[PDB]
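Presenting chain A:
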Amino acid sequence: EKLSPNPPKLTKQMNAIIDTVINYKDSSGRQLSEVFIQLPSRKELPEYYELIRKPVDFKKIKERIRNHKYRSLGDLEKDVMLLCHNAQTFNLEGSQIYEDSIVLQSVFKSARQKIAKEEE
Partner candidate 1 sequence: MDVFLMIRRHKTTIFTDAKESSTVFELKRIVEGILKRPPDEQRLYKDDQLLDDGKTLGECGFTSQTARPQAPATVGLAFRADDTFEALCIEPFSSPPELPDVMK
Partner candidate 2 sequence: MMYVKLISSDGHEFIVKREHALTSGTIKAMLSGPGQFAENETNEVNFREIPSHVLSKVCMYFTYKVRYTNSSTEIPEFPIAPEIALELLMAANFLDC
Partner candidate 3 sequence: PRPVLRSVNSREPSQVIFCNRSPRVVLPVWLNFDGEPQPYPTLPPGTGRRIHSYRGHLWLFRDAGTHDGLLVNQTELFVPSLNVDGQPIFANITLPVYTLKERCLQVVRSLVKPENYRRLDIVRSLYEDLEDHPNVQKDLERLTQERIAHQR
């Protein structure tokens, strides 16, 4: 009987955290998540799929919140960190994508911590 949806509170927390990450703008007003919403296709960037074993984007993450694939905030965190580490591994230190994904990890941890400080 595991068709069971997550409690509305858990879905509300997951979506609040992911919205903060997605809506985040730097001091110059640039939305750091733009490039990370949708992965390049296998035909657009095959080198990405040759290197990255578990590709993920914010579209597949939002999809995984809706279809209750994450059963805890820790499951959500694991995938956001996977997205960011994939971006870092492919693009390497020095690239803007690498730098943007570092900030997004930090924005995720602050949002996750805000939810923690609101329950207890």
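For anyone wondering why these and not others, all candidates are chains of the complex that A comes from, given by their letters.
The rule is short, and it goes like this: a contact is a pair of C-beta atoms (placed from the backbone, for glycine too) under 8 Å apart; a residue touches a chain by one contact, two chains touch by 3 or more; residues count from 1.
**Q** All of 1, 2 or 3 belong to the same complex as chain A; which of them touches it?
**A** The touching one is 3.
**Q** Spell out the residues on chain A that touch candidate 3 in their complex, using ranges where they run on.
**A** 47, 92-96
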